[PDB]
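Peer 1: Listed below are the residues making up each chain.
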Amino acid sequence: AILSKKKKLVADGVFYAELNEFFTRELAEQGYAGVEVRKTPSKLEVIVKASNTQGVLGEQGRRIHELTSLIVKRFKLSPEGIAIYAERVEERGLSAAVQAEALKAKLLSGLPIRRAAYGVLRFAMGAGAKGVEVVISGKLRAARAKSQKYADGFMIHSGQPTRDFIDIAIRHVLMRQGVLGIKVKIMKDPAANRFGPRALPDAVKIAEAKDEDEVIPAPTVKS
Amino acid sequence: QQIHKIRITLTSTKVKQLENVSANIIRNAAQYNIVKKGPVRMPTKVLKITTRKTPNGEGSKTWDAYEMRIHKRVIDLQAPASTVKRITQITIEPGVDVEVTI
Amino acid sequence: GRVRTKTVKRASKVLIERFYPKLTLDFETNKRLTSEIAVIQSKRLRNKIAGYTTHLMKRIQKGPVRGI
Amino acid sequence: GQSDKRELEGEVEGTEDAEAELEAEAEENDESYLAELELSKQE
Amino acid sequence: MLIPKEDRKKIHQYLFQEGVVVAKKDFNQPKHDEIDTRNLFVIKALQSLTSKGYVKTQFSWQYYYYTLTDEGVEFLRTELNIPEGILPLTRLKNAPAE
RNA sequence: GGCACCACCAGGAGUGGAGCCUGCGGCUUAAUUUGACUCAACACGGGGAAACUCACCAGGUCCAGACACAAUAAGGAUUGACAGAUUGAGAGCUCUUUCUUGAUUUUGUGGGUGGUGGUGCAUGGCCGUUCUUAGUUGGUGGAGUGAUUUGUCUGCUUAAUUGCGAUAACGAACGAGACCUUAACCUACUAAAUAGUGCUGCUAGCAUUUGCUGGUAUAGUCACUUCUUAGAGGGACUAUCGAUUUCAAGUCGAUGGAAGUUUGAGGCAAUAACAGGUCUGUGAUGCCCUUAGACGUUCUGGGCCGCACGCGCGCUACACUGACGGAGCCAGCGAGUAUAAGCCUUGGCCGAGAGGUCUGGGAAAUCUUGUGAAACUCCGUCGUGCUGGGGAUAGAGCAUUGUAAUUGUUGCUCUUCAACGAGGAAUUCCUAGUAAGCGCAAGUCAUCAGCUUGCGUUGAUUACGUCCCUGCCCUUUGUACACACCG
Ligand SMILES: [Mg+2]
Ligand SMILES: [Mg+2]
Ligand SMILES: [Mg+2]
Ligand SMILES: [Mg+2]
Ligand SMILES: [Mg+2]
Ligand SMILES: [Mg+2]
Ligand SMILES: [Mg+2]
Ligand SMILES: [Mg+2]
Ligand SMILES: [Mg+2]
Ligand SMILES: [Mg+2]
Ligand SMILES: [Mg+2]
Ligand SMILES: [Mg+2]
Ligand SMILES: [Mg+2]
Ligand SMILES: [Mg+2]
Ligand SMILES: [Mg+2]
Ligand SMILES: [Mg+2]
Ligand SMILES: [Mg+2]
Ligand SMILES: [Mg+2]
Ligand SMILES: [Mg+2]
Ligand SMILES: [Mg+2]
Ligand SMILES: [Mg+2]
Ligand SMILES: [Mg+2]
Ligand SMILES: [Mg+2]
Ligand SMILES: [Mg+2]
Ligand SMILES: [Mg+2]
Ligand SMILES: [Mg+2]
Ligand SMILES: [Mg+2]
Ligand SMILES: [Mg+2]
Ligand SMILES: [Mg+2]
Ligand SMILES: [Mg+2]
Ligand SMILES: [Mg+2]
Ligand SMILES: [Mg+2]
Ligand SMILES: [Mg+2]
Ligand SMILES: [Mg+2]
Ligand SMILES: [Mg+2]
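Protein chains in written order, with PDB author numbering: chain F, 4 to 226; chain W, 16 to 117; chain T, 2 to 69; chain i, 108 to 139, 154 to 164; chain M, 1 to 98.
Please keep in mind that the hints were generated in silico from the structure rather than gathered at the bench.
A few of these clues could be false.
To be verified - Distance condition first, Cα-Cα at most 20 Å in a straight line; then the derived SDA-like pairs of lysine to any residue:
| # | chain 1 | residue 1 | chain 2 | residue 2 |
| --- | --- | --- | --- | --- |
| 1 | W | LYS60 | F | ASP15 |
| 2 | M | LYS93 | F | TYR88 |
| 3 | W | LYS29 | F | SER7 |
| 4 | F | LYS76 | M | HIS12 |
| 5 | W | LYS31 | F | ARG197 |
Throw the hints in and build the complete structure from the sequences for me.
Peer 2: What follows is the structure, encoded as structure tokens:
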């Protein structure tokens with residue numbers, strides 16, 4: 004009903020947080036990356052970014068139709084008040100969420116870790132990432148647990164720029180002997196950034212010398 | 016029910032889109048000869064929550080300090096009600112919500 | 002202390018080797034010049050780079066400097 | 108991958124996995154009666 | 001679980017025609033606000049259906065997300081003795097958008 | 001060799017000595033659930049537990065045991081039940097009692113499922129710690145057969161592997177720094193009836209000089225943005241000038257300045273690691289245990305508070321730089337609701353108080369709210385006295401919250417008025433709006449803040465130095481260690 008300004012913006016955020024996890028659990032197998040809630044008059048546009056937009060929009064769009072119905076019945080929304088669109092992620096290699104979900108689907112198929120880990124190192128860089136580092140922790144046949152880091156290229160660690168040019172995704176992998184924890188850190192190239200800064204804070208680009216012309220003593224060029 | 020003194024209240028978490036919508040409405044209220052009052056910068060509200068870092072209760076007593084800035088702006092327009100509402104759809108933005116009160 | 006770092010020390014001496022004739026011994030004039038010569042991401046690094054370039058310019062007139 | 112082998116293989120077999128997927132994925136993108158009525162027809 | 005045949009019925013004509021059902025996880029709730037029966041009945045009635053491969057169940061933030069399988073439409077086709085006109089509503093081929 | 005108020009020097013406030021609050025051990029217990037034990041366990045698990053929470057104890061219910069079978073089963077597989085007994089109970093729990101419902105369902109098999117049950121020494125994630133110390137790495141070149149090494153260093157300097165410089169190295173990367181948030185400046189822009197002001201209408205009091213204090217003002221359909229708010233910018237870069245220095249990095253003084261300690265303060269924070277802590281945050285988890293007389297869940301009552309004792313974080317105080325009694329009277333950070341399940345609550349009226357009642361405002365720069373807070377200041381009483389310091393312990397009474405206050409939730413009134421007369425050995429924190437007082441708000445929260453997280457009022461003494469103690473880092477060195485001295 005009547006809800007305060009402080010309590011309304013938080014509710015929109017809380018709604019987003021709960022809605023986002025719902026897609027992660029339901030659309031985990033389709034490389035779910037993220038969701039964008041575009042509020043508009045007379046409609047609630049929701050844009051989901053996934054590696055595979057066929058599993059959501061399958062068999063005459065039955066799943067996406069049967070999936071928007073699960074949201075009208077839980078948030079007491081009018082059947083016409085919400086519309087869900089499925090959009091393909093443009094650069095699948097630059098999304099750590101897609102890369103972490105892809106790694107889990109390989110580890111659960113029994114593929115070796117080394118072959119699986121290098122499959123995301125090269126896929127991230129091939130998409131144009133400035134750097135990438137993958138950490139996989141857990142237990143594998145051995146009673147003792149271990150973690151292994153797989154770095155590549157250039158990575159920044161401290162300060163604000165990690166919030167601007169780095170996206171991260173952690174998932175738990177359910178194995179027959181325990182839980183495997185994977186961390187996929189991908190740093191995008193700042194030159195391709197279209198909303199924030201387009202370079203690192205300490206990058207200084209000096210222009211070139213425009214000099215080395217020939218000076219003539221003192222004429223006047225009229226027009 | 017014609018020309019009225021009409022208030023549009025703008026609230027959002029991020030200021031860039033808030034000022035774009037605010038300036039775009041002001042821009043459209045300039046070429047259209049509509050007298051306007053605003054935008055009025057309301058004192059921003061800092062919603063702060065301070066939790067413990069430890070999920071357990073072991074270690075040094077370290078705390079997080081999260082923040083959620085809420086910026087509120089109100090703009091007063093002197094125009095008929097049909098004109099002001101269509102201005103809102105011209106300057107519709109996902110982040111900023113709009114409420115209109117007479 | 003006020004020890005300048007390497008991101009400001011090396012970037013300032015590249016300016017002298019490249020734009021010495023247009024530089025000067027005044028910080029205010031140097032500060033405006035480096036905003037059109039270099040792409041500096043932050044204003045604070047602008048007034049630092051120019052503040053050390055001015056010191057080097059003030060030092061070049063007294064004799065030869067190392068690194069330029 | 109605790110050996111000099113299977114880790115060589117991790118790299119190579121791993122990289123051919125991506126090279127096959129960048130080209131495949133870059134190709135994937137370049138070429139881009155009701156029911157309630159039956160509950161009311163009891164007249 | 002002991003559900004009256006009549007109350008179980010309303011649970012079946014809600015899981016068909018809007019073939020998805022959402023139920024908050026509280027067992028003592030008097031009314032699930034969309035099936036005029038006990039909320040616990042809805043959870044346990046559909047726990048059997050997902051137990052016999054007729055609905056997928058998803059759980060997130062203390063909420064149940066029930067969706068009807070294509071195999072489950074056939075089950076309600078015969079057991080409910082309903083006309084063979086299928087396609088509840090989420091299967092009505094409303095088609096997506098591009 | 002070097003750095004450091006989690007080290008010291010000069011000092012300040014102390015703690016340890018008293019009473020009490022609270023946590024830990026112990027003792028006790030029907031149970032007094034449990035984790036953590038140097039820093040980095042002990043006002044910590046946001047853990048301020050009447051019920052719930054709850055995991056403990058003494059008892060009582062339910063299946064919320066899906067599903068394939070097999071058995072039983074309409075001549076009824078089973079579920080609910082008045083009355084009496086039973087029970088703590090108006091639990092059909094069970095027992096006499098015959099009624100009701102109708103294949104949902106009862107028994108066995110498998111299979112489940114649920115566990116604040118065990119294992120944090122099987123794990124994920126998170127967090128703490130080494131350590132926010134300043135450290136780490138590769139390309140080419142040099143040395144070595146190699147693992148490796150140099151680069152990554154004598155010296156000076158810095159908060160800093162940060163810089164100068166020396167240089168078989170040269171040129172770089174992460175970390176540092178940059179970055180981000182916040183506080184301090186802008187009479188220079190942009191506006192503001194949810195901010196303020198001068199004028200102006202209308203209007204009050206005091207001396208009449210035209211002055212001085214106000215109220216009113218959402219139509220005065222005024223003027224302005226200095227104070228208030230916040231967006232776009234500007235502004236500090238050690239700027240200029242003196243000293244020292246390898247005349248280098250720098251450092252110390254002045255002048256200007258809002259700001260010259262990284263301008264003050266924080267957020268983030270590298271390469272690896274710990275059997276560090278949590279499965280008592282998770283519908284995060286592998287395995288083990290249990291799964292109908294449950295270790296699931298629920299109901300009732302008790303316990304987590306229990307008291308010969310040892311220890312830690314603190315609060316009141318030991319008086320006169322003070323207690324009371326009147327009077328003066330100034331902040332900032334914040335929070336706030338609807339057919340609820342009841343929010344912040346002014347203003348009026350009762351009441352010594354605590355508190356009660358009637359209206360109204362506020363989903364909020366609008367109202368609570370200028371939160372008229374406390375220390376503080378003035379004037380009085382007291383007069384070195386276990387005194388009017390101090391307010392435990394206890395008796396009697398009055399209200400609030402809550403189903404429920406007994407083992408007093410808390411508040412108020414009268415009475416009792418205890419140790420304590422500045423604290424041994426030891427030991428903690430701290431360098432400027434800082435320490436110390438002093439309160440206020442938010443979190444927990446129906447009630448309860450001696451607790452934390454912040455905020456502001458008043459506001460210092462003493463260094464601006466060192467390796468003497470202590471801890472850590474680096475270099476050299478020894479090694480029979482490499483699961484790395486817990487060897
Ligand atoms: Mg950096
Ligand atoms: Mg930093
Ligand atoms: Mg001392
Ligand atoms: Mg004291
Ligand atoms: Mg506490
Ligand atoms: Mg209890
Ligand atoms: Mg109990
Ligand atoms: Mg107990
Ligand atoms: Mg239990
Ligand atoms: Mg551990
Ligand atoms: Mg661990
Ligand atoms: Mg080399
Ligand atoms: Mg070499
Ligand atoms: Mg370095
Ligand atoms: Mg760096
Ligand atoms: Mg007004
Ligand atoms: Mg007046
Ligand atoms: Mg700082
Ligand atoms: Mg241990
Ligand atoms: Mg558990
Ligand atoms: Mg659990
Ligand atoms: Mg919890
Ligand atoms: Mg039991
Ligand atoms: Mg306790
Ligand atoms: Mg007791
Ligand atoms: Mg403490
Ligand atoms: Mg007094
Ligand atoms: Mg106010
Ligand atoms: Mg006395
Ligand atoms: Mg007393
Ligand atoms: Mg001392
Ligand atoms: Mg000490
Ligand atoms: Mg209590
Ligand atoms: Mg409180
Ligand atoms: Mg050795």
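Peer 1: Run through the hints listed earlier and report the numbers of any the structure violates, in increasing order.
Peer 2: none
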